[PDB]
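Based on the provided sequences and hints, a complete structural model is requested.
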Amino acid sequence: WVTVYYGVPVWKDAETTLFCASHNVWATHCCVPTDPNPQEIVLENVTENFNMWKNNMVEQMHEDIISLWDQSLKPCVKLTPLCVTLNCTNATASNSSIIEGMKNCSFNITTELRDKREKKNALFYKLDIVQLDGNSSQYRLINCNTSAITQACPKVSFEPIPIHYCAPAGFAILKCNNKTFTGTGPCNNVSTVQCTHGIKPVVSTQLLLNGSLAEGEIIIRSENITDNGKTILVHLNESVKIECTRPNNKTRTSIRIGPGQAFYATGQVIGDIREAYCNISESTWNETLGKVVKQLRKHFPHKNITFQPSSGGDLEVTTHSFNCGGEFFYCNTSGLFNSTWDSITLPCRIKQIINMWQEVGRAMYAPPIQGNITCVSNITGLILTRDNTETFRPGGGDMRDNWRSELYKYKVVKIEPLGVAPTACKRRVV
Amino acid sequence: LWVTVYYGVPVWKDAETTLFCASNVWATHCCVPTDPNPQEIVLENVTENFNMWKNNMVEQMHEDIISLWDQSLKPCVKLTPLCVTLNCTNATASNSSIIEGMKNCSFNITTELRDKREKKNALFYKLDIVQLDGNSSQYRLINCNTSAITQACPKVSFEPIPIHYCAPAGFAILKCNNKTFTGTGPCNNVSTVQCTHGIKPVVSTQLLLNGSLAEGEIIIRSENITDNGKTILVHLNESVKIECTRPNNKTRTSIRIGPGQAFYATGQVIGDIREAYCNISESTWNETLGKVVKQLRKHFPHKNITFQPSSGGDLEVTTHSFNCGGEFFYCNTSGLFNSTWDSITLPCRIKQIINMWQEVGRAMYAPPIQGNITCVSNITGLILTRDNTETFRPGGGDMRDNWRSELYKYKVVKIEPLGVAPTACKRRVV
Amino acid sequence: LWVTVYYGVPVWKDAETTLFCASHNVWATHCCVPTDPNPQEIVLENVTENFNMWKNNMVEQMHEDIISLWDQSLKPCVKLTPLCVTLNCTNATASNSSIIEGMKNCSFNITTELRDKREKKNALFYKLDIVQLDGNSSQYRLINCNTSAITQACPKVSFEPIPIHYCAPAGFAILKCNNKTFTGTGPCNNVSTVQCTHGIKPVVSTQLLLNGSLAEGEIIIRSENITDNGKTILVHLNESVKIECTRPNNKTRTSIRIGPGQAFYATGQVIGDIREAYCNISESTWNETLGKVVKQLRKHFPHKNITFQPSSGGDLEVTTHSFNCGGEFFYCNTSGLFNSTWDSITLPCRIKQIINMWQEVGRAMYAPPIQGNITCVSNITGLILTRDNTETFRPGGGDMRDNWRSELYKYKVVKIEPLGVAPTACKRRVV
Amino acid sequence: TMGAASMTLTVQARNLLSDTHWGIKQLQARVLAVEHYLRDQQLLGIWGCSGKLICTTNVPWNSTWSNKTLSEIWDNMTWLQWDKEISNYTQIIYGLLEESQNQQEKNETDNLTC
Amino acid sequence: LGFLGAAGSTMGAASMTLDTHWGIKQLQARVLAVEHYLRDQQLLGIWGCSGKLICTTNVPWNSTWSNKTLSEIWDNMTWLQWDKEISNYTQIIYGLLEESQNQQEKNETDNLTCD
Amino acid sequence: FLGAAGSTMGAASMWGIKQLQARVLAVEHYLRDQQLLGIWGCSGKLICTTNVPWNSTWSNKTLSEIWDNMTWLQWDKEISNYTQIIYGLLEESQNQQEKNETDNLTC
Amino acid sequence: XXXXXXXXXXXXXXXXXXXXXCXXXXXXXXXXXXXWXXXXXXXXXXXXXXXXXXXXXXXXXXXXXXXXXXXXXXXXXXXXXXXXXXXXXXXXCXXXXXXXXXXXXXXXXXXXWXXXXXXXX
Amino acid sequence: XXXXXXXXXXXXXXXXXXXXXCXXXXXXXXXXXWXXXXXXXXXXXXXXXXXXXXXXXXXXXXXXXXXXXXXXXXXXXXXXXXXXXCXXXXXXXXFXXXXXXXX
Ligand SMILES: *[C@@H]1O[C@H](CO)[C@@H](O[C@@H]2O[C@H](CO)[C@@H](O[C@@H]3O[C@H](CO)[C@@H](O)[C@H](O)[C@H]3NC(C)=O)[C@H](O)[C@H]2NC(C)=O)[C@H](O)[C@H]1NC(C)=O
Ligand SMILES: *[C@@H]1O[C@H](CO)[C@@H](O[C@@H]2O[C@H](CO)[C@@H](O[C@@H]3O[C@H](CO)[C@@H](O)[C@H](O)[C@H]3NC(C)=O)[C@H](O)[C@H]2NC(C)=O)[C@H](O)[C@H]1NC(C)=O
Ligand SMILES: *[C@@H]1O[C@H](CO)[C@@H](O[C@@H]2O[C@H](CO)[C@@H](O[C@@H]3O[C@H](CO)[C@@H](O)[C@H](O)[C@@H]3O)[C@H](O)[C@H]2NC(C)=O)[C@H](O)[C@H]1NC(C)=O
Ligand SMILES: *[C@@H]1O[C@H](CO)[C@@H](O[C@@H]2O[C@H](CO)[C@@H](O)[C@H](O)[C@H]2NC(C)=O)[C@H](O)[C@H]1NC(C)=O
Ligand SMILES: *[C@@H]1O[C@H](CO)[C@@H](O)[C@H](O)[C@H]1NC(C)=O
Ligand SMILES: *[C@@H]1O[C@H](CO)[C@@H](O)[C@H](O)[C@H]1NC(C)=O
Ligand SMILES: *[C@@H]1O[C@H](CO)[C@@H](O)[C@H](O)[C@H]1NC(C)=O
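Residue numbers (the numbering used here), protein chains in the order written: chain A, 14 to 443; chain B, 677 to 1106; chain C, 143 to 573; chain D, 10 to 123; chain E, 56 to 170; chain F, 31 to 137; chain G, 2 to 122; chain H, 152 to 254.
It should be emphasised that the hints constitute simulated quantities derived from the structure, not laboratory data. Any given hint could turn out to be false.
[As the list claims (entries may be wrong)] Simulated coverage check for chain D against chain C, where a stretch passes if three residues somewhere in it have a Cβ under 8 angstroms from a Cβ of chain C:
#, segment
1, 20-26
2, 29-38
3, 45-59
4, 64-78
5, 83-97
Cβ coordinates follow ideal geometry from the N, Cα and C atoms, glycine included.
The structure is reproduced here in C-alpha cells:
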C-alpha cells in the first residue's frame, strides 16, 4: 500500500536567489538585519557532495556586487566635460628634481555658464594620462576615447562590512564542517544553516586579504591540480601581517564643471618622494613560504619548485591591486615571489581612473584623499598559477577567487517535503 | 479550564502600511475609483487613541505627493542651455514707464542646429535673477549654479482634486468623530471607514486655504502648547473669503532651445497696474482673529495677546504663498497679524523659478500664463507659532503640517482576526 | 431537491489579459521563453463560440509589445544629435556620369573624442532624408532633427521576423477558430482550445502583407463591413505570390567618432550600378491573383468593370510598399500593379535611412548602411485594400495593426471560471 | 448528462497553479493567478466545501428563479448553457450558501456538543 | 451588520466570529495580503483545524494566567480588551496549541485504522 | 529543522523585482504542494494512507528491506523515476473515491 | 622659472590703504603661498600674506594685510591699513610651495622675489 | 624670534665669515633663512632653511638648531660682498636687520 508523507527532511541541489543581510554602501543596500543568534544544526550521518568550483553562490555574489557598485556610482558627478586636450609638463618638486609618476596638466574647461571657459590645472598620475602624438606635450585622460568616466561621490564609503547570504523560504544552506576538505567531493561532517557567516567583500589581486584562516594546516585548492591551465588557491592557516602606506598629505582643488558638478583633483602633494609602499615582515613571509612549499611538493614530489613574478599583462594582473582607505594601490610583489626550493618593502603605485571589473563600459574616478594613509591587513591566502621544476607565479583571476575562497564551504539546496513509501495498511474509508 | 481558538474576531492592533490613492496628474495617477457610498460603521462602546502629530499618513501623503510632482515634471523640457550671461535692462510695459519687478534680458542660445546661435529676448522677474557683477548689467538665473531647472509641460495644471486614501486588504482606517477633538489621546466616538474623505492637496504656508471647517468652535491644536518651538494649527469653524489676482494681461512667446525643446519666455506686459495683490474683508478678518485669541487665552489666560507680523526668515517662510491659475504668488500678510488684543489689500509678488520642498534639485520653471488671473479661495485655518504677554507669529512650517490638519481624524490599523479565549471544553474523540 | 456545488467546471468568459511570448537577436533575447514541443489542441463539440477579429484585444497587446521591444532595444545606443549641424552638400559622383540621382555628398564640422576639437567629415545621404534650409542654397539639415530624437540602430542587435507564439497565463485559455470560411466575425461552429497560438512572424509592411499564413479558402475577404467605405479590407490568398526585391549595389561604410565609445556609421562611397532599387513580381502570377480577388469582390460588389487605382497620396509610408529588406528600408512604387479594370513586372523602389517606424514620431531610428548587395526574396500572402456607379479600390491601409490582425483572427482569450453555481442533486450530508 | 465531466474537475483544478517593464508585467500575472486561486478556495471554505471538488448544501432552490427540472434532460449537456441560465442568480445563490453555513455554525457553535 | 460591526462587544456577548515605482508598491501590497492570509491558514492547520470558525483543542488553561474564573473572563470583558489583557502569553498559548497537536500527531502516528 | 536527515525511514518522525520574485515563488511552491495534497484527499495530514497498492515494479524489496534499512534520501533516489506515476495514481484513486461518494440515490 | 612682477606702484594719501597687486608669472598661482615684503627704507621686516595653496589669508604684523591670492587673476593682492609716509619703500612679492610636490613642511622662506614697487603714502 | 642676528658688518677680502648666527632670541623653530644683496634689488636666498643650501648656491655655508645658526659663508670673497640678513620662516614673522657685511 502507498503512504503519502509530508514534511520529509529531504532536498535537491538548487539555484535560487539569496538575500543580502548586514554613508556606507554595503550597509545601505543590505539593510536587512542579521540573526543575532544564528543556529547551526549538525546532521548526523549525512554525506553531501560539494564543489566550490561550480558553486553558483560565487556567481551570485559577483553579480550583486557589480550591481551595487554601479548603483552607488551612477548618481554622482560625470566627468565628460573634462575630456579635452591637456597641456602636460614635468611635475617639478620643491627638490631640484621632478617627482616621477606625476604630470602637471592644464586645460580649458567650460564652467557653469556656457559662455565661459577657464584655464584650470591639476596634477595627475602618469598612469592615467595618454599621449596623443609623439614628440608632443598634448595628452588626454586614458579612458575618454573608450567609455564614460564617473567621479565617485565623496560622501559614499565602500568600506566592506561582513555580508551574510541568506536562503529564502523553502531553501536552506548546507555547510561543510570537515577542516581538511579540499573543495570538491563528499563532505562527511555537514550541518544546516539559514545564512552564511559574514564575509567581507574584498577586492584584491594576487594575494588574498582579510579572509578566514584554514585549520588543519595549509590547504592547496584547485579545480584540477594536475592541470596547469587552472588556478591554485592557497589557503593559509596563519596570517601574514601586511602594513601599507602612502607617506604623504595631498591637497585638492575643486573645479566646478556644471550646476553643482564638483570635480576634485590633486592640487599639490606634500610629503615623501616615495609615492607608496608596503611593509611585510621578512621572517613571517619566509616561514609562510616554507610551509606552502612543503604542501605544494606533496602534489609535485621529487621535483624542485620556484616562485617567480607575474609574467605579463596590465597593472591589475601584474601588481597587487587593492583598496587602501579609499585609495587605489598597485604594488610590486616581485620582492616576495622570487625564490627556489627584518622586513621587505614593496614599492607601490597609485592610480585614479580605475575599472577593477571585466567591464570597461564605465570607469570610476577616485577623487584625491587628504591626510596620510596607513592600512593594516591580514594576508590569508595566495593566488597561484602553475607553469625538472615547476614554476608558480602570483597571477590574477576574475576576482571570483575572492569569494570562492570563502564560499567553498556552502551549498544551496531546495527542500522537498513530499514523498511516498510502501506500507501494509490500506486507507480506511468511512 | 480548556482553550478555544476563534477566527474572524473583530479586533485590531495599531499599524503602518501603504495606502493606495483613489479618486492633470492627480486623476491620472490616482486612477483607481472610490466607493460612492462609503459604508461608515459606528462602533458601539469603543475608545481609541489618536495622534495627529505621530500619524504616519501625513508623512506618506507627503512623500507620494513629491513623487508624483517629480514624475510629472521629469518628461519635459530642460532649461540647461539658458545658463548664459544675460544682458538685462529695466523692462517697460504698454504703460510707458518702468516695471520695478521686471527685467528685460537679452541672451545668446543654441538654436535648432548645434552650430548656430541666436540672440533672444525674454522678460524675467527680479526674483528669478541674480547679478554676476556689481555695477554691471551681467546676470544669471538664480538656480543655475545650484541645480538643473526643468520647465513644466504646459499641458499639466496640477490642480488639486480631492484625494482619498484607501486601506489595502487586511487593514482598515479608523475615524474620530469627536467635534472637539484636539488631535491627541482617547476619542470616545469612533467609526471605521474604507477610505478617508477626499482631501485636496492644496499647498500654502501661513494661511491654510480650502478643506473642511471645524464642526465645533475654533480648535487650536498643538503637540505641546507650552513649547514655543511647536506648530500651532488653528482650525476655524467659519471660513474667510480671500480674493487674489494678477490684473495685468501677460503675453508669451516660444523659444526653441535645441531640437524638439522650447522655452516659454515671457513676451510682454500690457495693462500694467500692480504685479499682484489679495483682498480679505476687514470685518470678517477682525472677528475671526478675535475669536482665535479668545481661544488662545484659555491656554494663556490673563494676558493681552499681540501679533508679530511676517515673523522672519526667507521669502518662502515670511511671505504667504500659493498656486493661482498656474502662477506662483508670494503675498505680504503683515497687515493681517500686527494687531493688539471695508477690506485689506495685501501687496503680492510673482516668481517663475519655483523651489517647493526642501530639495532644490529639479527646480521648476513655471511657463508664464497669458492674460489676467483671478482666484477665490477659503481661509480655513492658520499656522501660528509662539514668540509680559504672549506674542504670536504667523508663519510657515514643514509642508507636512498642511496635511496634519486634514488627516488628524484618521488612523491606520491592522486587523487581527485570530485569537484565543477560554471555554472549559476539551476536544472530543481525543 | 438541494444545490450541489462543483469546482473544476469547464466554463469560460471573454477576457483581456497579459500574454507572454514563446520561441544577439532582439526577439530571441526578449521572447526567451521556449515553446511546447508537443502542443495540444482540444476539440469542442457544438460550441458556437463568437469571434471578432476587429475587436480582438490580442492584436492590441501584440502591438504594444512590439513597440515596447523596439524602443527598449534601440534605447541603449548611440544618439545622433551631434550630427545636427548645417550640412554643406554637393552632387554625389560615385558614378562615371558624376551623378547618382538619389544621393547627395554632405560635409560637416563635428566634435570628436576630444571635446575641444571639431573636424570636417563627410558622408553620402539619400535625398529623402536631407532638408534644404533655404532656396538656392547648399545648406542642409537632417530631416526631422529639429522635431525629434534620432537614435542610431546598433549592429550588435539583430532584427528579423522570428515567429512568436503567444501563450496564456494560468487561469486563461486561448480558443481557436477552425472554420475555413469564418470571415472575420460571428459564431465559429468548429472550435478548439489551445494554450499558445501558432508562431506569428512580426513582419511589418504597408500595402502587401508578406510572409504570413495562406487562406484555406481560395481567397477570403475580411472587413468589419464591406459596404462601409470607411473601413479597410484584408484579402487573404491561398497561394503565395513571389516578389524579389533587389538593391544591386555595394556600399562602402565609414565611421565617424563622435564621443567616448560613440560612433556614427555612414555611407562613404558607392561602388556601381546606378539603379537604386527595384522589385521583380511575377507578371502572370499577379494577373491571375488579381483576377481571383475580383471574382471574390463580385460577390459583394456585383458590378462589371470594377477598377483598381494607386494609393491616392500622403507620404511614403502610405503611398508606397514599405518593408525591411535586410537592414535597408525600401519604399517601392506599386502603381504598376494597382492599375486595371476588371514574364515579370519591375517596381521602381527607393531607399530611406531615417525611419519613423511607428505612428509616434517624436523619435526616429537611423539605419546604418549595409555593406554588400541585397536580394530579399519574399511572398505576398495577402493584400490590404481600401475603397473610394462602379467602385474603385486602392492599396491603402491602416495603423499597421492590420499586420497582426491578419494572423490573429482565429484566436481569442477567455478566462477560466471553474466554480459552478447551482445544479441540483441530493439533500445535505448532515452528520 | 455532465457525468463524465465530473472526472475532469481535478484536471482543470491542477492547471490553475503551474526588461523592468516586463518584470512588472510578469509579477502581476503570477500574483493574479494566485489571487484567483485563493479567492475560489476562500469561497469554498466559507461555504463549508473546503477539500471538495463536489459538495452539497441546504438552500431553498427558490421557485422565483428555479423552474421544474427534468429526468437528466434539464440537467443539461452543456455547462456554458448553465452559465447563461443559472448564473443569472449567482449573486443571490452565493449569499444563500454563506448564510446556510452561518446557520449551521449558529446551530452548533458552542451551544451543543463539546 | 458591517465589516467589524460591534467590535466593542462583551466576551459574554461575543456571539460568533464572522509607473514602475507605483507598480512595485502595488505588488508588494498584494503579496503581503496573500502572505498574511496564508500564514493564518497555515497556523490554524498546524493546530489541528481548518474550515472551522471555532476550534476546540486539548490544551488546559494555566489558571495563574488569568488568575480568574471563567464566569468573569469569558463574560465581563470586551474582545478588544481581551486582546489587551492576554499579557504577553500569546506565544505561550500558541506554543501549547502546537504541543497538543503534536501529541495528537504522535498518537495518530501508529495509524492502524486500516482495512 | 532537518533533524536526522541521515537516517532511515524507520526513524522517520516530525532589487525590488528580485525580492518580489523570491516572495512570489515561495508562495507558489507552498500552494502547489497544498493543492496536490488536497487533490489526493490528504489535506491537513502529515501521514495519509491511500487506496493505491504498492507496486513491485516501483520496488520489489520488502518492508524490512525498505524501511529501517534505507535513508530517506536513498529512497527518493531509488524510486525517483516513479514519482509521477504514483502521483498520477493517487489523483485517480481520489477521483474514483469521489465518483462513488457522488453517486446518486445515496447522499 | 617664476618671474613675479613688481607690485602696482602708488603715491597714496597719507594713512590711505596701501592697495597694490603683483602679477604672477611662470608659476602656478593656484599654489605658491604668497607674501608681501614689509618694505621699509632700511630693510623689510615681516610680511602681509595669502595663499591659494591653503585657501587662506593672514593678518600682517602691523597695520593690516587685506591680502588675497587671486589665482584666477594671476596676481597677489594686499591693502594694508593706514599707510605711513614712512611706508614709502618698495615691497617685493614672492611665493613658497609653487612646486607640484613639496619635500618638506611649509616652514621655509619664499625666494622668488619681484623687482618690487613703493607706495609713496 | 623677534630679535636680530649678531651682525656688525664684519667683512674680509676672503672667507668673510660674519657668522651673526641668526640669534633671533634662539627661537627660530629651525627655520632660519638667509638672503643677500649688493644692489638695489631684492635679496637672493643665500641659504635655504637651516643648514640647507640655497638652490644654485656657491661659496656659502649655513647651520641651525633654531638658534646658533652659524653661517660662515664658506671661504667666500667676491661672493660675500653683499649685505646680508637672517629670517625665521617659521617663527614670529621674524627678520633681522643684521648687517652690511659687504667687504
Ligand atoms: C562536525 O561539525 C560540527 C559543527 O557543525 C562540530 O561541532 C562543534 O564542536 C565545537 C567543539 O567541540 C563546539 O564548540 C563549543 O560550543 C560550546 C557551546 O555549544 C561553547 O560553550 C564552547 O566554548 C565551544 N568551544 C570552543 C573551543 O570555543 C561547537 O559548538 C560544535 N558545533 C555544533 C553546531 O554543534 C563537530 O565536532 C564536527 N565533527 C567532526 C567529526 O569533525
Ligand atoms: C458618533 O459618530 C457617528 C458617525 O460615525 C455619528 O452618527 C451620524 O449622526 C448624523 C446625525 O447627527 C447622521 O446624519 C443623517 O445622515 C443621513 C444620510 O443619508 C440623512 O438622510 C439624515 O437626515 C441625517 N440625520 C439628521 C438628523 O439630519 C449620520 O448618518 C450618522 N452617521 C452614521 C455612519 O450612522 C454620531 O452622531 C456621533 N456621536 C456623537 C456623540 O458625536
Ligand atoms: C480653492 O478651491 C477653489 C474652487 O472651489 C479653486 O478655484 C478654482 O481654480 C481653478 C484654477 O485656477 C479655476 O480653473 C480655471 O478657470 C478658468 C475660467 O475662465 C479657465 O479658463 C481655466 O482653464 C481653468 O479651468 C476655477 O475656475 C476656480 N474655481 C472657481 C469657483 O473660481 C481655488 O484655486 C482653490 N485654492 C487653492 C489655493 O488651491
Ligand atoms: C617599515 O616602516 C618603517 C617606518 O614606519 C621604515 O623605517 C625607516 O627605514 C629607513 C631605511 O633607510 C631608516 O633610515 C629609518 O631610520 C627607519 N625609521 C624608523 C622610525 O625606524 C622601515 O624601513 C619599513 N620597512 C622596510 C623593509 O623598509
Ligand atoms: C526689450 O528689449 C527689446 C530690444 O530690441 C525691445 O524691442 C522690447 O520692446 C523690450 N521689451 C520690454 C518689455 O522692455
Ligand atoms: C486686554 O485684556 C482685557 C481682559 O483682562 C480685555 O477686556 C481687553 O479687551 C484686552 N485688550 C485688548 C486690546 O483687546
Ligand atoms: C564626396 O566628397 C569627398 C570630399 O573630399 C570626396 O573625396 C569623395 O570622393 C566624394 N564622393 C562622392 C561619391 O562624390
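We went through each hint and held it up to the structure:
{"no.": "1", "hint": "20-26", "in the structure": "holds (count 6)"}
{"no.": "2", "hint": "29-38", "in the structure": "holds (count 6)"}
{"no.": "3", "hint": "45-59", "in the structure": "holds (count 7)"}
{"no.": "4", "hint": "64-78", "in the structure": "holds (count 7)"}
{"no.": "5", "hint": "83-97", "in the structure": "holds (count 8)"}
The structure fails none of the hints (numbered hints given earlier).
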